[PDB]
Amino acid sequence: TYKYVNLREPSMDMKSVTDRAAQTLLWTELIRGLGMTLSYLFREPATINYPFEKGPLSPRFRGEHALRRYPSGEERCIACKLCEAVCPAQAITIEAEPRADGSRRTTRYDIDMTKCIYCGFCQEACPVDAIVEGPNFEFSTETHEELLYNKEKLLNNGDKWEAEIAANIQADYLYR
Amino acid sequence: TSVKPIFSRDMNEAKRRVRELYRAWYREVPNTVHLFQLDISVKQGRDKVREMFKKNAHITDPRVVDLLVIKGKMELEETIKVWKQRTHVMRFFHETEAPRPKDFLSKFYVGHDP
Amino acid sequence: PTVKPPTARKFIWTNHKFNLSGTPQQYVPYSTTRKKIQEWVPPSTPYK
Amino acid sequence: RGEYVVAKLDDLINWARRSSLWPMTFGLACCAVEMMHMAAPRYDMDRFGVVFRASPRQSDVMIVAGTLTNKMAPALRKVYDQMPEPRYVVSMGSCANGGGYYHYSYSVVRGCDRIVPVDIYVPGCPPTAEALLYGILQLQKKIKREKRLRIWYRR
Amino acid sequence: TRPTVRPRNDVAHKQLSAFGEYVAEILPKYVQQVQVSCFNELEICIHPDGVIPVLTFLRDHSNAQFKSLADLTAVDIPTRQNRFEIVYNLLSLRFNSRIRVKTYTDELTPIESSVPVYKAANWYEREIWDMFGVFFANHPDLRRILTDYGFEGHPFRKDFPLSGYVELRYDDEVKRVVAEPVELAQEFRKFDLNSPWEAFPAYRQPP
Amino acid sequence: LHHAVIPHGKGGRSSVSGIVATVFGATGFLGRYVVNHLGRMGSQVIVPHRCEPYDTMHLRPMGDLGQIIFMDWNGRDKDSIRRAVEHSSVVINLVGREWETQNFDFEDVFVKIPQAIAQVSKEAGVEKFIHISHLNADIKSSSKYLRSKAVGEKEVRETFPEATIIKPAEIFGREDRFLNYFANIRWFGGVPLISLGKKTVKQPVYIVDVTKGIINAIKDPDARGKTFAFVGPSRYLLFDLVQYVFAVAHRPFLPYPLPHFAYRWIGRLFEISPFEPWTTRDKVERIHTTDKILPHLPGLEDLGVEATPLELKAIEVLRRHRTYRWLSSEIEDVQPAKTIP
Amino acid sequence: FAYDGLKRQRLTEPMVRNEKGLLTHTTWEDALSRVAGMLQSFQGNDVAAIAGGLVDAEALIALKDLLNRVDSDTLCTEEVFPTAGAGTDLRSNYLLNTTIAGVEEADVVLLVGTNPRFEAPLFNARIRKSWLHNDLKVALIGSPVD
Amino acid sequence: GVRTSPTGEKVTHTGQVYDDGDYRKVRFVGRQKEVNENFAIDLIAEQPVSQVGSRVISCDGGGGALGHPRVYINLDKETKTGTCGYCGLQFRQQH
Ligand SMILES: CCCCCCCCCCCCCCCCCC(=O)OC[C@H](COP(=O)(O)OCCN)OC(=O)CCCCCCCCCCCCCCCCC
Ligand SMILES: NC(=O)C1=CN([C@@H]2O[C@H](COP(=O)(O)OP(=O)(O)OC[C@H]3O[C@@H](n4cnc5c(N)ncnc54)[C@H](OP(=O)(O)O)[C@@H]3O)[C@@H](O)[C@H]2O)C=CC1
Ligand code: SF4
Ligand code: SF4
Ligand code: SF4
Ligand SMILES: [Zn+2]
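Residue numbers (the entry's author numbering), protein chains in the order written: chain I, 1 to 176; chain W, 15 to 128; chain q, 98 to 145; chain B, 25 to 179; chain C, 7 to 213; chain P, 1 to 341; chain G, 269 to 414; chain R, 1 to 95.
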């Protein structure tokens with residue numbers, strides 16, 4: 001089915017022809033348009049008072065990256081390199097070797113935050129919930145180099161944001 | 015060895031097209047130096063034009079020559095209509111590039127590239 | 098968090114920190130791996 | 025005391041400059057949509073004194089909002105150069121920050137800081153409108169820290 | 007009745023097969039191959055000499071009426087002596103059908119411009135010339151459309167490197183943007199992903 | 001060589017040149033060209049700056065990520081100097097003013113500061129030290145600028161005996177205070193010259209030539225403990241040179257003699273400016289000082305640099321001084337000035 | 269498994285003896301100049317060379333030509349071969365003429381003064397393959413190694 | 001634990017630290033070197049060994065689907081503990 005958006009024949013009776021004459025000379029349809037912007041003047045605006053008020057987000061939000069630990073404090077990351085393989089932007093760089101004990105752990109874990117597209121494939125790919133995108137979106141920097149995160153920066157992010165991150169995973173993991 | 019031609023049936027027709035393009039470029043250099051306000055001289059512009067024609071002087075395939083002339087004409091139309099900017103016109107001169115050595119010993123010291 | 102407090106971990110920061118960009122305590126990137134090739138060290142005595 | 029006077033005069037000019045930032049009407053790709061959302065009613069950048077103006081002659085900030093190609097690079101440099109001073113650049117999003125997801129492309133400039141100096145780098149693909157607004161406020165605090173007249177005084 | 011498997015439509019397959027040979031019967035001078043895919047798309051493989059006759063017939067014939075050129079593009083297959091495959095995707099509103107017409111060429115052989123048949127082809131052919139280097143004869147205005155001015159090479163060729171040969175930066179000494187040989191602070195990491203076990207026996211090639 | 005400073009790559013932006021240079025006075029006319037050239041090939045550059053960070057923004061695009069490092073410093077504090085040089089292999093000193101201020105004078109910037117940088121650099125084990133003096137440095141010179149250059153040049157030589165000292169003539173370039181200085185005299189109508197500028201000979205040198213000479217001195221092992229004189233290829237009478245400047249800028253040229261005492265009196269008048277003086281008495285003396293001939297010293301050719309003639313680059317500097325009517329004039333319209341064999 | 273020896277004890281810079289008889293890093297230009305200066309002052313028997321076990325043919329021929337241009341013929345290897353009789357005149361005198369794959373066609377193998385297990389492990393595996401699948405007879409003159 | 005190199009630079013949990021004469025440490029002058037102080041190798045070693053009464057035990061890291069893939073560990077050797085290859089928790093057989 002279709003409909004016509006603009007296929008009208010206007011009435012030619014005297015009343016309709018005078019109603020259009022008054023509209024042309026008295027600008028009635030232009031005054032009607034003033035009424036609508038007047039009605040907005042007296043509405044409450046939609047502005048929020050940033051940074052005192054914040055735009056609503058959900059637990060799924062994809063923000064700054066972090067590397068997480070188990071409750072014991074051991075790193076979750078096992079240097080499987082699945083996040084590095086799936087990264088659409090090739091933003092992750094990883095090196096690994098046996099730790100001083102026998103553990104399989106990374107020696108390099110970099111994210112070029114200026115290559116990253118914040119797509120979240122890395123946290124989907126991770127089998128142990130080690131790499132996540134956190135809820136933080138207020139980390140703009142004065143230099144480019146400050147956005148090339150090494151493993152120390154990402155572990156600090158996890159230690160900094162774990163309290164919020166764990167609660168967000170708790171809200172969403174049954175959808176995953 | 016029977017193939018579909020582009021513009022020239024043989025190398026003598028192709029060289030006629032090459033000479034014509036050289037004239038158009040030769041006439042244009044004085045205008046290009048003026049419009050784009052280049053700090054090179056007209057001789058430098060014409061020397062560069064000559065240099066670009068001589069790097070291809072060994073072609074013997076009229077279809078290859080036809081394409082180089084085709085590309086050379088698009089290159090010229092970009093310049094005349096000022097679709098190019100000063101940066102594009104000056105890319106032919108590689109001003110910021112340091113001279114790479116050509117002798118063996120100089121290559122040997124810097125690195126491994128042949 | 099008053100009604101639903103977060104889960105306490107030993108490794109979680111006790112003191113939150115704001116954005117430190119542009120300050121002496123900003124983040125500076127570096128390579129976290131060790132040297133990969135060891136260079137030979139010549140003997141410290143003469144013998145030639 | 026000259027020290028006290030120049031200190032106060034920096035506050036005056038710094039306050040004027042950060043309170044009346046006029047970004048160039050300049051956007052390149054996806055990230056320009058989030059910039060439009062920062063002008064929209066919810067965030068209303070204009071309420072901070074941040075007003076878009078089209079002419080580079082009447083602009084204080086270039087927000088590089090999107091991918092910079094090699095074909096567009098001379099044009100971006102041209103309009104930056106035509107800004108009167110003082111002028112600032114905000115790099116918005118992964119593309120402008122360091123090439124992003126077209127980083128290895130033959131036609132893409134790997135970061136707009138190869139072409140212009142950059143004051144603030146806003147991460148994201150795209151940064152949320154609020155993330156950009158955070159970046160603008162970070163630029164305001166940077167301007168608030170400028171010591172032009174104090175440095176002039178001690179020259 | 008198989009929730010995960012895409013259903014077949016054998017009616018559309020039958021109809022497209024009949025039309026495919028109908029085109030082969032009318033244009034035998036040019037048509038080299040006709041095939042219909044398992045998801046019901048009809049492809050006509052023609053000699054490049056027949057681009058104008060074949061496209062004109064499909065547009066104008068009363069049983070064709072492919073009045074719309076949806077897409078025109080090229081594929082580069084270096085292992086073929088005619089490495090470039092030119093692909094025309096046409097749509098017929100009258101019969102609610104689509105058809106694909108394909109031909110071939112190399113780096114030195116020109117293909118006739120189809121702007122006389124479809125004015126939509128003007129920019130599609132400039133893009134093919136720009137990204138592949140295929141020359142279209144009698145084009146009203148053939149020049150680069152996507153690459154930077156003065157750009158050298160045809161990036162969509164398989165042997166053109168992903169990051170190209172030159173990169174740009176602003177140089178303060180000359181006060182302009184300059185082009186210089188490309189160096190990457192991090193080289194793109196080539197991945198070898200293909201599994202060494204065959205996945206689809208139906209497409210196995212004779213040894 | 002420590003493994004981190006072995007050269008790698010092809011001498012481009014992302015390469016590793018192996019040079020860790022601390023450049024003092026990088027935010028000036030010469031500094032921006034030195035930093036640019038060092039950055040082009042992938043050098044690590046430390047830029048200690050006194051100015052406000054907005055004024056270093058033009059340096060940031062000159063290096064790959066992490067290659068340009070900025071520090072704060074004060075010429076009178078040696079802790080700040082030592083922090084900026086203790087990781088470097090070469091220290092370059094480009095510090096200088098063309099005028100004195102209430103806080104720093106010619107002795108301070110041309111003797112005390114260079115000596116302190118050389119002194120701290122030596123204590124920190126810096127191996128290469130490049131110091132920019134002046135061709136016309138002389139203790140018998142009228143100008144305190146040139147007298148201070150002679151003292152500082154001597155001082156640096158004892159403090160850092162392996163220093164490479166470079167003595168340029170006036171440097172012409174886009175941001176120079178030489179060709180631009182002459183062109184901006186048009187705002188006063190005629191061009192005053194002491195004795196009409198007929199008793200002065202200049203040998204100006206191109207900025208890029210000087211920059212390449214400094215870069216080549218870093219790499220060349222012969223440059224240690226040497227003194228170079230960087231001069232242009234041709235010598236000109238000051239009258240012809242100023243006349244040439246106005247010919248290239250297409251501005252009316254109305255020279256007229258002005259005696260030294262009267263023109264020294266104009267210099268002090270302009271010295272009242274609390275900002276950057278348009279001209280000073282010292283500048284008036286330096287402009288009219290004939291450029292010395294020092295055959296015993298090595299020059300640009302000893303560093304593999306071909307001095308660029310003034311005639312090939314004046315339009316690069318002077319085009320912006322033309323009115324709209326004459327903006328498009330090409331490099332071939334103006335006849336070269338008379339030289340001196 | 270020996271590739272990790274490529275990561276350690278590596279020569280990465282030219283080195284010459286300083287003024288106290290100790291090796292110190294220098295540039296290629298200085299290092300080659302000293303050698304070239306000494307090369308130009310000697311001839312004939314005064315110049316010799318020894319090629320080790322991991323040298324490539326390109327280096328071997330380049331070094332032979334260089335010493336030849338000062339009329340030196342003393343190009344030696346560390347590994348001895350008897351030069352009596354034909355010596356190295358005939359390739360067949362110093363080659364594995366049957367080829368490695370030829371072991372699989374042999375019916376009797378005589379090993380003389382060789383522990384092929386450790387001297388050529390993949391050659392010993394070919395012998396065992398024949399010993400196993402072809403009933404090959406192997407005899408040894410030498411130490412009764414395993 | 002976070003040692004400090006004789007220069008004073010902190011050593012990371014990967015053992016990284018610029019040596020003396022490495023120019024690259026200039027990048028930390030007037031700034032700081034980012035080092036995570038919670039070394040995972042130390043923290044995991046503070047977990048007590050768990051006594052179990054069977055030859056084989058399973059570990060999923062705790063928290064169900066929030067942990068790691070479930071693996072089964074053999075505890076037959078009495079000269080050592082059984083370690084989880086994912087999370088490093090240790091198990092021993094109770095006699
Ligand atoms: C007894 C004897 C007495 C004799 C005298 C009796 C005569 C009385 C009646 C005479 C007619 C009165 C109106 C005359 C005013 C002009 C009217 C007019 O011309 O408007 C029509 C004009 C044309 O537009 P259009 O319809 O596209 O074209 C018509 C066909 N070509 O369209 C327009 O002009 C539209 C203008 C567009 C811009 C409008 C933006 C502002 C709109 C809000 C303004 C509100 C007015 C407030 C006035 C403030 C007063 C201080
Ligand atoms: N014609 C020429 O240009 C010639 C120049 N030279 C010498 O070359 C060197 C550079 O020339 P040029 O680049 O023109 O000099 P500029 O005046 O252009 O730049 C001077 C540099 O020195 C710094 N500087 C000046 N005074 C001080 C100070 N008191 N404390 C700290 N830093 C200071 C400035 O930093 P800020 O911007 O922070 O003040 C600036 O970076 C100078 O030594 C000059 O004498 C020699 C011969 C001719
Ligand atoms: S969010 Fe996407 S682009 Fe960013 S690191 Fe993860 S996988 Fe890579
Ligand atoms: S972060 Fe996760 S996916 Fe990436 S290497 Fe570590 S365990 Fe594997
Ligand atoms: S950074 Fe992301 S959102 Fe912004 S232009 Fe690039 S791809 Fe689009
Ligand atoms: Zn576990």
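Honestly, the hints are just simulated from the structure, not real lab data.
Accuracy of the hints is not assured; some may be wrong.
[As the list claims (entries may be wrong)] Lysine to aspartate or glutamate pairs mimicking EDC-like chemistry, simulated, CA-CA at most 20 Å apart:
no. : chain 1 : residue 1 : chain 2 : residue 2
1   : C       : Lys164    : C       : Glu118
2   : W       : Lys87     : C       : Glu186
3   : R       : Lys80     : R       : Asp42
4   : W       : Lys62     : W       : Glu27
5   : P       : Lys10     : W       : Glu65
6   : W       : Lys116    : C       : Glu186
7   : P       : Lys313    : C       : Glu91
8   : C       : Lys181    : P       : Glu316
9   : P       : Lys219    : G       : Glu281
10  : q       : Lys132    : I       : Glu95
11  : W       : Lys62     : C       : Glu158
12  : C       : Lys20     : C       : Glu47
13  : R       : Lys33     : R       : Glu9
14  : P       : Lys219    : G       : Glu372
15  : B       : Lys165    : P       : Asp55
16  : W       : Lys87     : C       : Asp165
17  : P       : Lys144    : P       : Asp72
18  : B       : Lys171    : P       : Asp55
19  : q       : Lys133    : G       : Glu372
20  : P       : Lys10     : C       : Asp112
21  : W       : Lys62     : P       : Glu330
22  : R       : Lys25     : P       : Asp72
23  : q       : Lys145    : G       : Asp272
24  : B       : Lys166    : I       : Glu142
25  : B       : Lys95     : C       : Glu158
26  : P       : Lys78     : P       : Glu123
27  : W       : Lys18     : C       : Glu91
28  : P       : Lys154    : P       : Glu123
29  : W       : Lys87     : W       : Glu109
30  : R       : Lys25     : P       : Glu123
31  : R       : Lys10     : R       : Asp42
32  : G       : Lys397    : G       : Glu372
33  : W       : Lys116    : W       : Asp127
34  : I       : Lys3      : I       : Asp13
35  : C       : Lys196    : C       : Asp165
Status of the hints after comparison with the structure:
no.	hint	result
1	C:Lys164 / C:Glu118	23 Å, violated
2	W:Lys87 / C:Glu186	24 Å, violated
3	R:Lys80 / R:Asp42	19 Å, holds
4	W:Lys62 / W:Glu27	25 Å, violated
5	P:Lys10 / W:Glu65	25 Å, violated
6	W:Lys116 / C:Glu186	19 Å, holds
7	P:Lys313 / C:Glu91	52 Å, violated
8	C:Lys181 / P:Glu316	11 Å, holds
9	P:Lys219 / G:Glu281	17 Å, holds
10	q:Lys132 / I:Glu95	13 Å, holds
11	W:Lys62 / C:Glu158	17 Å, holds
12	C:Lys20 / C:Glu47	11 Å, holds
13	R:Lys33 / R:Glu9	8 Å, holds
14	P:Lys219 / G:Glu372	62 Å, violated
15	B:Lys165 / P:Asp55	18 Å, holds
16	W:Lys87 / C:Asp165	25 Å, violated
17	P:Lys144 / P:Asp72	28 Å, violated
18	B:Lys171 / P:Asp55	11 Å, holds
19	q:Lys133 / G:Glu372	44 Å, violated
20	P:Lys10 / C:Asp112	35 Å, violated
21	W:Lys62 / P:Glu330	18 Å, holds
22	R:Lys25 / P:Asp72	17 Å, holds
23	q:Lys145 / G:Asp272	30 Å, violated
24	B:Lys166 / I:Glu142	9 Å, holds
25	B:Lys95 / C:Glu158	13 Å, holds
26	P:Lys78 / P:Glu123	11 Å, holds
27	W:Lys18 / C:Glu91	17 Å, holds
28	P:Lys154 / P:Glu123	19 Å, holds
29	W:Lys87 / W:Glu109	24 Å, violated
30	R:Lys25 / P:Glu123	19 Å, holds
31	R:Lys10 / R:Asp42	17 Å, holds
32	G:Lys397 / G:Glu372	8 Å, holds
33	W:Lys116 / W:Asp127	11 Å, holds
34	I:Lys3 / I:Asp13	27 Å, violated
35	C:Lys196 / C:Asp165	15 Å, holds
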